[PDB]
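A.B. asks: If you want the building blocks of each chain, they are given just below.
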Amino acid sequence: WXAXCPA
Amino acid sequence: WXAXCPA
Amino acid sequence: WXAXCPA
Amino acid sequence: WXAXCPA
Amino acid sequence: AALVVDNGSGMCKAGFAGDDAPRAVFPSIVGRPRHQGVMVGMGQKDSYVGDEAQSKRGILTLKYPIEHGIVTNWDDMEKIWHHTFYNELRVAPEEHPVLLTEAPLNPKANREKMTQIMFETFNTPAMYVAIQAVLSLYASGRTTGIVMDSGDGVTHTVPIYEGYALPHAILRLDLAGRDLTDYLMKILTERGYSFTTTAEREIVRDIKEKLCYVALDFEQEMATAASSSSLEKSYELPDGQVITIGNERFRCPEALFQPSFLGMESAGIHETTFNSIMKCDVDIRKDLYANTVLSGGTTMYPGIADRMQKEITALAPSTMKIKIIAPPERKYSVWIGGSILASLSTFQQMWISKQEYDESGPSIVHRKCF
Amino acid sequence: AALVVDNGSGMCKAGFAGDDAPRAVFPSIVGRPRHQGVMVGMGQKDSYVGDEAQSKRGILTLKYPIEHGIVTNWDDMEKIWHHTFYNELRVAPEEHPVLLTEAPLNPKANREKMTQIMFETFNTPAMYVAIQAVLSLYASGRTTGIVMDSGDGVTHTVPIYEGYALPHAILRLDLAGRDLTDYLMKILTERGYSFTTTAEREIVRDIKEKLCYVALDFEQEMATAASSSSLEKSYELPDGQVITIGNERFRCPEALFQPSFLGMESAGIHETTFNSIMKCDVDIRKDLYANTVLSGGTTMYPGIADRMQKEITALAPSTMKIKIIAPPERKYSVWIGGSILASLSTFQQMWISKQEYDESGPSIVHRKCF
Amino acid sequence: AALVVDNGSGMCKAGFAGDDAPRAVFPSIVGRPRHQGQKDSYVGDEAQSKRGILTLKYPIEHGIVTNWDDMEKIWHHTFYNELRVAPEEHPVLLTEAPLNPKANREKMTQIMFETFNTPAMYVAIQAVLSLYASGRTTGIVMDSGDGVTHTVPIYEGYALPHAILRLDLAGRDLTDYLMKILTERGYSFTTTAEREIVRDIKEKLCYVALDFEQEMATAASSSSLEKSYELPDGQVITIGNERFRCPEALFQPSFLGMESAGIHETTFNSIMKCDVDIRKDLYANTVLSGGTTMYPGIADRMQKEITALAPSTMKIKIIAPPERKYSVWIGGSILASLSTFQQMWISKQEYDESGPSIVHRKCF
Amino acid sequence: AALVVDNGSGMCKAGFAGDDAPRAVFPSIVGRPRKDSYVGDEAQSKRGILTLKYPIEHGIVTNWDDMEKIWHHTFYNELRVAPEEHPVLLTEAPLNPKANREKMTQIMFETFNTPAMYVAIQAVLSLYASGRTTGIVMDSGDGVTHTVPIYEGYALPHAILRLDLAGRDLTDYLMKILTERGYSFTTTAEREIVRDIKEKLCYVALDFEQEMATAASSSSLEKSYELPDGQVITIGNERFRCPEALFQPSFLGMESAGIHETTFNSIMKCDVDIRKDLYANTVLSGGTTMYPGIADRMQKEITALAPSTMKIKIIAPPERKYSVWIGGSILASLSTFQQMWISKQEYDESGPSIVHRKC
Ligand SMILES: Nc1ncnc2c1ncn2[C@@H]1O[C@H](COP(=O)(O)OP(=O)(O)O)[C@@H](O)[C@H]1O
Ligand SMILES: Nc1ncnc2c1ncn2[C@@H]1O[C@H](COP(=O)(O)OP(=O)(O)O)[C@@H](O)[C@H]1O
Ligand SMILES: Nc1ncnc2c1ncn2[C@@H]1O[C@H](COP(=O)(O)OP(=O)(O)O)[C@@H](O)[C@H]1O
Ligand SMILES: Nc1ncnc2c1ncn2[C@@H]1O[C@H](COP(=O)(O)OP(=O)(O)O)[C@@H](O)[C@H]1O
Ligand SMILES: [Mg+2]
Ligand SMILES: [Mg+2]
Ligand SMILES: [Mg+2]
Ligand SMILES: [Mg+2]
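Protein chains in written order, with my numbering: chain A, 1 to 7; chain B, 8 to 14; chain C, 15 to 21; chain D, 22 to 28; chain E, 29 to 398; chain F, 399 to 768; chain G, 769 to 1132; chain H, 1133 to 1491.
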């Protein structure tokens, strides 16, 4: 992801 | 609530 | 260590 | 060698 | 003087009668640390209540003691009241009467336990519980019109004419500002943002109160958002990473008017407001239509005053006139009405006296109270 | 025929429509040699993709293009798909339609580039994208039941009461097999084994698939393991060393039902299925309880079917019967559903034609594919 | 008077609590004469004096005790020769790296409770103790010792176990690497006796380059980066571009062949595993400790590397106390002298009834 | 027709590429009387009158004046072919000072002006001769002993170990034990005789304690060797004592580990997933390794250290003495190798530094 997690 | 929703 | 590295 | 051993 | 304590789902307000604004306004959350403590001498408290919880929300599991206007956990709400009555407002309740506000349609055990705790744990001299929607009229200074109360808690549309509230026309739509937060965080996953935690939900609440707005036409703004990229407003996160939201600014407010987006089968805000009027009599219908009053934190969206007027106008007859009155102090409309109510001399005989409660038991909240 | 593809965080299943088993199953990893080539006699390819990289994983920096069901790097996914069509299936996609799967609640840009790549790089006549968990009921031959899909990187439950899928209860948790593998080596250091490289990551995954299991009662089983009972097993590393794991056998799979071990506030796997059922209608719950269907590799632990049944029975009312269905071939359940869907005559009109994409660009995938 | 003993992989610091500096510090090396009234095993500073004869061997490797027969010798030397106090009346505090084998701390409790007869005991993480010395309460603690480099983020005293990262690359691994690239110039060191000569070189002349690519080209032409060192035997050696390559393995572990990321990336990943709401305070309160972070200019390089990865809006503040070499011990002095800590000592009776496993339940 | 030249620490090999055996082998010894200098077979024949001096010591050239003599002697006295037409594929031990290899590129590019040049690791070429691709290489030559593990062609630099125990050290150790029986030697010419005794009478015992007790209990292991003057000498326990110093360096006084432990420690420096392949493909090379039964003893010692389930297979072709050169012939004849040649134009643009960037 972009804002949140790594993905 | 008790029956319905979660409250 | 035991399984992995040396220590 | 230079520093250490002979060569 | 009395203590107008307007407890609510999002925040609870505390103060004194005769004032213009509440003295203490803090979030109504009770967080408990999950990570273990490693440093000695810091003296961390067992639980954090109010603004202290919000500051250290990164290591807490924020649980709201009130959900949908019903006190789910009665042990944490005793802590919130204790924090309200001792630290922020800082007056011993045993010397002053205490007034509370309560949703119109709610379980009768909720008002039952509210009286039991105050009259015994805090030993207040007197009490009175009023409807949150009704109190909005006192702030507006009018005895007629409907109040479209809607906040983090459950939305209410209570019509009152000449001070005689109509009970059969009261509607309780469970769609609220909290449901929009869940919907907004669900539709924000399309851009790659995943806020799924009790702490990150507070971040989503901040975005909704700042950049979100109501579009006059959903279909036209949908084309404008797709055609033009000028509807994007960057927002900065607490960690310093900026985010960009496009059509989600007005996509989440539109869930209020079309609850089909969240999957709920109930009608929207305008239909619920329209149905509240249609239940009333024909003769009084003229006055209640031109004196509608908004309230609560949900109705603070930019353009909701114009959008609601248009939707309710088409359903209503064309010759008739619609006047959406939107005061700028609608956030504290429930509290400000309480301040007027407590100072009135004709009402000071309506409190539940301490002796009266003991003789009749906790059931005194139905007859002596509202 | 249709080239049904089941790209995922772990191994990607690729084959043909109408078959009962995937033709080629290889890990979806891409690795490059970190060292420098010295021997010049044999070829040193820039990057090894698929089962080729697994054999020579010692000298490779394995990196997964997929993380939590989202394509993090689009350069490597082109390599994997090219390896699938031209090196495993040995067919040209220019003549055969391609079916693909995507996890629900995924970024809209993820499936936008998926359609873009095939329609311009591989030039397939048709395409379709379907939810991974939706196809799982097609393999089981049922039209009702909540799908508990648990892949390598995602764990999502989507209730399907009938031909219509409820969209307000499609939950999604990022706790899956990959996170468990990272947790297994975190608690393996408590015994003296240090796995800290991606080459050693694969060794840990083999241990999880062969020795890990779910205990019916975690607290009682903990006492038995602390007594040095027959729970201790022996596993042989590629080196030839023999390692013994005791209470770590059931501690790693226990992170699914108690995510607090991983520091995640999200509720357990048993609870997230309970929540999804509750958000459905009252009359619907009578069928979702009795038709729960597991899927994915992560639900291949011995005892996951019995343990989940006990947890749900406590939460659910006693009258309702919880019949957890665990097909013996649930590892490839998602692919088998895709094979059945493609062969159906009704599905022939759901394809995305090449001319259809040509007129509106990649935005079609949000209109036809659900 | 609670003792505070930090038995690190390198030199061990021992001294009383309530003071500001360790009472006695000496290398943790035990050596015996090579090949064939000299005593069998020389420990502590005595081994350093006769390092040209004895086979120097480190009892602790990568923060793990490898020979429990040797660790009894060093502890016997500290309590009876350096501090010269009887351990039978004072409590003893120990420091250990995080993510260590459970069998490591179990044996430490067994030894002192049975052999040294210490009435009390507590085991605390080295990173946590480092935060006490600075007087701070939050901020990640990048502790890099001789054999263990770990970053333990702490917010308001509530440690985050899932965000703790441990990397085996540390000061000792740099000593082997510097010895490897010294043979490139023409100087060869093979025996463990000559390793301590290399460690002397790394302490005095070795430093960190701000812009590593620009340093090679500049150092290739001019000899402004060449410094001359004097060997103990009288020989004078000159080392040029090797001065900055040795610590750059901290930031680019690919030189040693390790797949793990550098200290700058390890610190960045540790903060990322934490929540968003506490990333405000972790960026502005980063703390360094340990001898591996004592290179002149390492603080400046770390700030630049993290700022590139972190958003430009955020502020990266690398707190570098001047006494970060003894930060682990100094913080432990405050903990033992605190009145609140007196209820967490592992008394003899509790260990007697619960066995060696008590150390897991009463320590972090 | 690249002129593959392996300037080892004695017994340098040279010959045309594409063959299978070295064209000429002669000791890398330059001696002067105590003509002006003699090098090669003429020096060994007249070793009594000269003072033999090795230009190369421990794989490092200690004097470039003598190195030019043997190199001039190789192309103009043994091969009898000018080097102006063919490239040269030199060999150099790993982990050597850069000043050693920089001069090697410079000296021929200026004095001999060969069209091309290349420097190859002596351990890598050994694997080429056997045709294998995986498995560590034990290039225990003279002067130096190095292990360079290779897996699928990707040599791992962090696991390249270099040990200073080799044949020259063993010759000095065989010097000391022989003096205990009265067979003393002083001059460098006498030392060449001691190398002869090592080459035909030394063997690696399977174990000390059984053989040492046996050697002190009977005289079945006695061997009679005549020294080149005519008188015969008898050596006993020295047969299995000097060779075993490779495995127990404590006899020499050096602290480093033995041959078996150096191989054992080199493998653990590699990744776990490739240790299994290296254990079953160990390769041996070098003159020192030509001891009888060194593979059998190394098989046992590594097996004790390695896990029981592991399989140890010490591959050692019978012609392991010229393994480096044979591998060097294959590399020079490869079609793909013609691009890696260091051209004459590439030398002048970057000076002598071209050896580091291209090799
Ligand atoms: N300025 C604003 N603009 C848009 N939405 C707002 C604004 N302020 C509050 N809200 C919404 O209203 C909610 C607060 O409701 P509030 O009126 O405080 O409830 P209560 O009546 O129980 O105190 C918040 O959850 C937020 O979503
Ligand atoms: N028999 C098994 N037992 C436990 N875990 C398994 C088993 N087989 C596979 N897994 C784990 O499940 C993960 C997902 O694999 P799978 O569901 O087959 O494909 P996908 O990654 O596409 O969902 C793998 O990473 C693997 O670690
Ligand atoms: N002034 C210095 N400059 C650079 N490196 C140093 C300096 N002092 C010590 N070191 C290195 O730091 C390493 C760890 O030292 P120390 O902090 O005493 O270990 P410990 O982790 O046990 O506290 C030593 O091996 C040494 O090489
Ligand atoms: N058959 C043998 N027995 C014992 N030692 C030998 C034998 N052959 C060669 N050696 C020794 O091995 C050493 C190295 O020989 P070689 O491998 O030909 O040279 P280099 O070390 O240059 O490769 C020589 O010094 C020689 O003494
Ligand atoms: Mg309110
Ligand atoms: Mg899957
Ligand atoms: Mg330390
Ligand atoms: Mg050789």
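FYI, nobody ran anything at the bench for these hints, they're computed from the structure. Note that beta-carbon positions come from the ideal geometry of N, C-alpha and C, so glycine has one too. Hints may be right or wrong, so weigh each one.
[Unchecked claim] Only pairs whose alpha carbons sit at most 27 Å apart, straight line, appear in this in silico DSS-like list of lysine-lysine:
id : chain 1 : residue 1 : chain 2 : residue 2
1  : F       : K443      : H       : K1401
2  : H       : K1355     : H       : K1453
3  : F       : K443      : E       : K214
4  : F       : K677      : E       : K91
5  : G       : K875      : G       : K818
6  : E       : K214      : G       : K1041
7  : G       : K818      : G       : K1041
[Unchecked claim] Cβ-Cβ distance ranges computed for the label pairs, FRET-style:
id : chain 1 : residue 1 : chain 2 : residue 2 : range
8  : F       : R432      : E       : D234      : 37 to 45 Å
9  : H       : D1152     : F       : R488      : 39 to 47 Å
10 : H       : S1177     : G       : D944      : 23 to 31 Å
11 : F       : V640      : G       : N849      : 40 to 48 Å
12 : F       : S626      : G       : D944      : 34 to 42 Å
13 : H       : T1441     : F       : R432      : 27 to 35 Å
14 : E       : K382      : F       : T542      : 52 to 60 Å
15 : F       : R432      : H       : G1180     : 41 to 49 Å
16 : G       : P1000     : H       : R1327     : 44 to 52 Å
17 : G       : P1000     : F       : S628      : 40 to 48 Å
18 : H       : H1290     : F       : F768      : 38 to 46 Å
A.B. asks: Which of the numbered hints are not met once you compare them with the structure shown?
C.D. replies: When the structure is compared with the hints, numbers 3, 5, 7, 10, 15, 16, 17 and 18 turn out to be violated.
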